[PDB]
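Only one chain is given next, in structure tokens, and it is the form solved without the named molecule.
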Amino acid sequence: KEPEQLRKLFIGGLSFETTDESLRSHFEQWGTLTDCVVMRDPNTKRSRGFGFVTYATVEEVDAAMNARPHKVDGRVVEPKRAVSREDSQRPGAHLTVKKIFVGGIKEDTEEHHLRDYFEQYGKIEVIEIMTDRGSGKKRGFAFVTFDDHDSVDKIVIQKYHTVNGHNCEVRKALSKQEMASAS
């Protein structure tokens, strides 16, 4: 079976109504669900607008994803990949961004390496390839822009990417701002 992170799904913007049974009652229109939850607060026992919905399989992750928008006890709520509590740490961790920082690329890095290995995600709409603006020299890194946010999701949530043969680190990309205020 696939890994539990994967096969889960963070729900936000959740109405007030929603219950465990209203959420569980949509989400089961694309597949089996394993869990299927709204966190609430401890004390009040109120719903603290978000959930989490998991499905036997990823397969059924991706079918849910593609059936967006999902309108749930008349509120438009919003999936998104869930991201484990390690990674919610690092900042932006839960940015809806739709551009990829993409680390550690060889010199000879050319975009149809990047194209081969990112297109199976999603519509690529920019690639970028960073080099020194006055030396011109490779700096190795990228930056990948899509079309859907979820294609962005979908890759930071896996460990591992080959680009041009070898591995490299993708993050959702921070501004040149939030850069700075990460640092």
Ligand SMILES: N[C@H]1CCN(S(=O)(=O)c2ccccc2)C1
Second form
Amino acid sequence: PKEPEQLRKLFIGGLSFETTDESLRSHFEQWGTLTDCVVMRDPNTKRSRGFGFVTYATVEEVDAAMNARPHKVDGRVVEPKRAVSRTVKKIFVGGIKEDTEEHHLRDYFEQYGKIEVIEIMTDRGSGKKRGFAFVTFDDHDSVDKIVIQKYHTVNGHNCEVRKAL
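Could I see the form deposited with the named molecule bound next, after the form solved without the named molecule?
Excluded here are partners and other molecules; the one chain stands alone.
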């Protein structure tokens, strides 16, 4: 069974107006099989709108494409983003109770991306742990991967994870 197509599609912004379906495909096929690849154009002029979409056969291929950033396509560095995830670098992690420590969160989340800050929330008056935390990554794709997952188990706790603004 295939991963849902909606989780295999990347929005590609910042395109050169000279990029075509064919040149976009030729570039992004280097990181996987593309089941679809389109440059968005004006309906009347056919002039590029400066963005497009590529759909890979597997989520692993999406990951490979994102890990190969920065992508310079037809002379311009473009901006890939997962098209469906339901742009920030920070998550709320709730439900971690009082026994979850920084190393629990780091050991778990470091496989989603490079962590820059872990903030375990404590009570302003007592210093007791409040049972939630914030994790900041160096890049948004980590967060997009994280919030797409249905489940997050950290330190034996079933955690609620959301984007933090």
